[PDB]
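What follows is one structure encoded as structure tokens, with my remarks underneath.
Complex shown without one protein chain; remaining protein chains in place.
Each chain gets a letter, A, B, C, D and E, in the order it is written, and its residues are counted from 1.
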Amino acid sequence: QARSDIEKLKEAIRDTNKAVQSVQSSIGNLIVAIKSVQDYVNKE
Amino acid sequence: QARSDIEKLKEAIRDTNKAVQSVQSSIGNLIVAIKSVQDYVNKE
Amino acid sequence: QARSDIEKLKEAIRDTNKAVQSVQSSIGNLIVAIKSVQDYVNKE
Amino acid sequence: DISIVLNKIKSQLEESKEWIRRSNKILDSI
Amino acid sequence: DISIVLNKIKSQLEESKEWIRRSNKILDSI
Partner (left out) sequence: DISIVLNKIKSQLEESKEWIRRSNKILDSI
């Protein structure tokens, strides 16, 4: 059904968006990790 | 409308793709950041 | 055609998902890179 | 030097989050 | 300190991979 498939496509994109959001959170923490090493190198 | 929803799905995927492209640019700069710390550790 | 467009949307999301999977693999290796620098700083 | 690079990443991350917000709002209207 | 941060990234990466698996399974059913 075109209506069922349209809803399936919507939910698939929703899940892809959630995957991107998780990647975004990971990148925010990678920044923290890089800063930490650089700050550990400067403070000791 | 199935035609309106098809266009909505298209634009939603377009925006998801732009989000991924921004993440890709971020990853390129994370490489630069990691190299910098490693190069700062080697040069001083 | 609504059927042709539904299939096009499906394949577009499939390709976006493959792009996210490549980004996920990159993030896994960025972790390795950060650990390496931190482990190189601790071991020498 | 590295501070500028990290600020770019933050800005690019902010843009990415906004594009997802727009995608989700579009999905809500379907 | 940094070890905890890297573990968070691993967990968030695992969640992301699972969301893509679900998206692809949905696509397979179309």
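A few notes on this one:
Just so we're on the same page, a contact is a pair of C-beta atoms (placed from the backbone, for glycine too) under 8 Å apart; a residue touches a chain by one contact, two chains touch by 3 or more.
One chain is missing from the display, and on chain B it is touched by residues 6, 10, 13-14, 17, 20-21, 24, 27-28, 31, 34-35, 38.
Contact residues of chain C toward the unshown chain are 5, 8-9, 11-13, 15-16, 18-20, 22-23, 25-26, 29-30, 32-33, 36-37, 40.
By definition in this document, only the chains that are shown with their structure count from here on.
Interface matching across A-D, B-D or A-E places the copy of C-E, with more than half of contact pairs shared by residue number, at A-D. The geometric centre of chain D is 18 Å away from that of chain E, both derived from CA atoms.
Shown for chain A are the residues that touch two or more other chains, namely 2, 5-6, 9-10, 12-13, 16-17, 19-20, 23-24, 26-27, 30-31, 33-34, 37-38, 40-41.
Residue positions of chain D touching 2 or more other chains, listed in rising order: 2, 6, 9, 13, 16-17, 20, 23-24, 27, 30.
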